[PDB]
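Have a look at this one before I ask anything.
Complex shown without one protein chain; remaining protein chains in place.
In order of appearance the chains are A, B and C, and numbering begins at 1 in each one.
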Amino acid sequence: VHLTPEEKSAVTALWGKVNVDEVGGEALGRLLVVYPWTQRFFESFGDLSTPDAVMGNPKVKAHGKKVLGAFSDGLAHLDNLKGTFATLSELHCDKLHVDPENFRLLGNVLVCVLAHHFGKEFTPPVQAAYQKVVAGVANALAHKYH
Amino acid sequence: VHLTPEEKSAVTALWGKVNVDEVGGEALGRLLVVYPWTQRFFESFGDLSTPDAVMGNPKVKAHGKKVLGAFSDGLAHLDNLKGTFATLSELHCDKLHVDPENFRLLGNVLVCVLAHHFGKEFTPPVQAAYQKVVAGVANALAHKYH
Amino acid sequence: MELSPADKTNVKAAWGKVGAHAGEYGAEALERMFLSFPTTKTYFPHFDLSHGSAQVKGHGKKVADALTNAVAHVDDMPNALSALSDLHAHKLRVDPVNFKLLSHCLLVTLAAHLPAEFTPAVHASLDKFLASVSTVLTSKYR
Partner (left out) sequence: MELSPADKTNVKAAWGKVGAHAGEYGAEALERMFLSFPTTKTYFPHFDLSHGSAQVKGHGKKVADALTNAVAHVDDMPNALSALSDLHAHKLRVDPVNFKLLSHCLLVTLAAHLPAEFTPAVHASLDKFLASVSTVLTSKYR
């Protein structure tokens, strides 16, 4: 993706304060609560019946961490999101059968989570830079679908 | 856009049978009838009160010819849509203020018009090739928005 | 969005013409969707999606029958499609975006098969009708 110098620095600076473990679990949990149909990919994770159940589920927290850690890796390769995610793109298509629309929903929930966690520091321009990134990542992950 | 040789030849072959002025007027008219909010740019065109008034409006037909003539010319540059539509992209953003969602609506209406015009010759594979082209043109026109 | 009385008239006329081909049209619309919008294939990994497969033809028929049911009960779609709205919301869990893609492909299919009846006003009414069906099918999602 194409970020201006100001946008790249916005993204980098904020990400240095993110505890991936914690934000990942929050982001995945909120995806499952806010858009419950997404629970279709996690039948084996246990109790997902209520917000509290979802949010405290250790398997949700574990997966959340996995996902955001891979996400973090892309932050290191903003110039080549496609090449970076090619293997996972094929995995999500061919083995997991995940509709790429889910990548877009997670991107939006992640933005909500950063705003919730960071408050006033997540200003309009910072949000804008993160929206570009999240769209970039979702496009990178949907790229090998066929 | 990336089309296989087979796809390009399917696109070009059908296009050779199109009456550009006719299809242009039909597609624009149907856009205005099916998604009436698109009439917002055309209040100077006169009577758009009913389907018949829209389809018969000479200003609508003339605008349809202009739009589809440009589309038609783009078909010769499938490999470089972004470059081909750059100036038009800037114009639509900076001077005309057209939300790029309108390009996507027009692309879907165009596909429906081709289907109506060609019947059985508009096979699933041919549609698929035109879906790629219409999404490519829409993206190329939305490219310079800021 | 709500279907006007003229819309209901338009839909019943066009659908009436479909008649006995509803199931074959349902099948073609699905094949058009799978080829045009490959991400929709993610919901059918358990099907043989080859052209003319019995799975696709049977599914195509079930889709068309549900559409016929909705036309017959256009005045009360929510009740008519209740069971289907529960199935999609609780079991299938198809992202709502995909409803727009199938609707587009059904419109294309009807266009290719109804030369005489696919006027601008009918096209408008059918588009609204498919949007309403989609709305009812996703209404219990959350």
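Just so we're on the same page, contacts are C-beta pairs under 8 Å (C-beta built on N, C-alpha and C of every residue); 3 or more make two chains touch, one makes a residue touch a chain.
Which of these, A:54, A:78, A:138 or A:142, touches the one chain of the complex that we don't see?
Spelled out, the listed residue whose C-beta touches the missing chain is A:54.
By the contact definition given up top, give the residues of chain B that touch the hidden chain.
34-40, 93, 97-102, 142, 145-146
Tell me which stretches of chain A touch the chain missing from the display.
29-30, 33-34, 51, 54-55, 108, 111-113, 115-116, 118-120, 122, 124-125, 127-128, 131
Touching the absent chain: which residues on chain C qualify?
With respect to the unshown chain, the touching residues of chain C are 1-2, 124, 128, 138-142.
We adopt the following convention: only the chains that are shown with their structure count from here on.
Please compute the C-alpha centroid of chain B, do the same for chain C, then give the distance between them in whole Å.
Chain B and chain C have C-alpha centres separated by 25 Å.
With centres defined as the mean C-alpha position, give me the chain A-chain C separation in Å.
Measuring from centre to centre gives 32 Å for this pair.
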